[PDB]
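Could you build the full structure based on these sequences and the hints that come with them?
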Amino acid sequence: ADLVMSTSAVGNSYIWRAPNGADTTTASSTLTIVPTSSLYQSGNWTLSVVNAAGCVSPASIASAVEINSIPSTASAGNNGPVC
Amino acid sequence: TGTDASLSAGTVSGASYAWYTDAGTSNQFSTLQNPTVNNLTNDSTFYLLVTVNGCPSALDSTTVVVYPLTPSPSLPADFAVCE
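Protein sequences appear in the order of chains G and A.
For PDB author numbering, add 1994 to where a residue sits in the first sequence, where the first one is 1.
For PDB author numbering, add 2077 to where a residue sits in the second sequence, where the first one is 1.
These aren't lab readings, by the way, just hints derived from the structure by calculation.
Hints should not be assumed to be uniformly reliable.
Not close to chain A: a few residues of chain G, all C-beta gaps over 10 Å, as computed [stated by the list, open to error]:
no. : residue
1   : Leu-1997
2   : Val-1998
3   : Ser-2002
4   : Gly-2005
5   : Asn-2006
6   : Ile-2009
7   : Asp-2017
8   : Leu-2025
9   : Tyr-2034
10  : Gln-2035
11  : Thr-2040
12  : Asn-2045
13  : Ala-2047
14  : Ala-2056
Derived Cβ-Cβ restraints for the label pairs, each shown as a range [what the hints assert, rightly or not]:
no. : chain 1 : residue 1 : chain 2 : residue 2 : range
15  : G       : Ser-2063  : A       : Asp-2081  : 30 to 38 Å
16  : G       : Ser-2051  : A       : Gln-2105  : 47 to 55 Å
17  : A       : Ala-2100  : G       : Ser-2063  : 21 to 29 Å
18  : A       : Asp-2155  : G       : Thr-2067  : 57 to 65 Å
19  : G       : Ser-2007  : A       : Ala-2092  : 48 to 56 Å
20  : G       : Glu-2060  : A       : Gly-2087  : 32 to 40 Å
21  : G       : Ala-2047  : A       : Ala-2092  : 30 to 38 Å
22  : G       : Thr-2067  : A       : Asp-2099  : 13 to 21 Å
A virtual CB, placed ideally from N, CA and C, is assigned to each residue, including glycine.
And the structure:
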């Protein structure tokens, strides 16, 4: 599933930091992560905001993300031929 | 010959099981530890894979032996008696 992150904070650009240190930016308050990219990471994510002067806010309190695995089917049976 | 039978894996704590219809685990048969097989008419084989924490063990092949068909019993030719 797509991983979606957002902030209510206002700024000129946003810095998003992945649990393993990967560092990307967006022009808006909403970021999405494609399951096939290097950012599809579970764990603690943080954000900082860049204003027009190029000054960067203290990082946010991390938000944990949990990416769950997909279980097996536990293939079901029946009770044999039924009269 | 002609009836149903069970297969039976040993028990490994925490393991998932998977049975496959052929070697090379190309086609999955079931996910049960003790699945059944319907309509066995001749000898066949099944392949068991056991997986723990995502790591499979060596594929375990088994054979279900099918007893051979029985002969018709033998009775005498049409006979005839008087009252």
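A quick look at each hint next to the structure:
no.	hint	verdict
1	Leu-1997	holds, 22 Å
2	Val-1998	holds, 28 Å
3	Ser-2002	holds, 39 Å
4	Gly-2005	holds, 42 Å
5	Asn-2006	holds, 44 Å
6	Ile-2009	holds, 34 Å
7	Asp-2017	holds, 30 Å
8	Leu-2025	holds, 30 Å
9	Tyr-2034	holds, 18 Å
10	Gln-2035	holds, 19 Å
11	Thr-2040	holds, 30 Å
12	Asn-2045	holds, 46 Å
13	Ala-2047	holds, 49 Å
14	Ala-2056	holds, 28 Å
15	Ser-2063/G - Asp-2081/A: 30 to 38 Å	holds, 34 Å
16	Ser-2051/G - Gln-2105/A: 47 to 55 Å	holds, 52 Å
17	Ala-2100/A - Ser-2063/G: 21 to 29 Å	holds, 27 Å
18	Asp-2155/A - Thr-2067/G: 57 to 65 Å	holds, 59 Å
19	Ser-2007/G - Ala-2092/A: 48 to 56 Å	holds, 49 Å
20	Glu-2060/G - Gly-2087/A: 32 to 40 Å	holds, 34 Å
21	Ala-2047/G - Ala-2092/A: 30 to 38 Å	violated, 59 Å
22	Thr-2067/G - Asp-2099/A: 13 to 21 Å	holds, 19 Å
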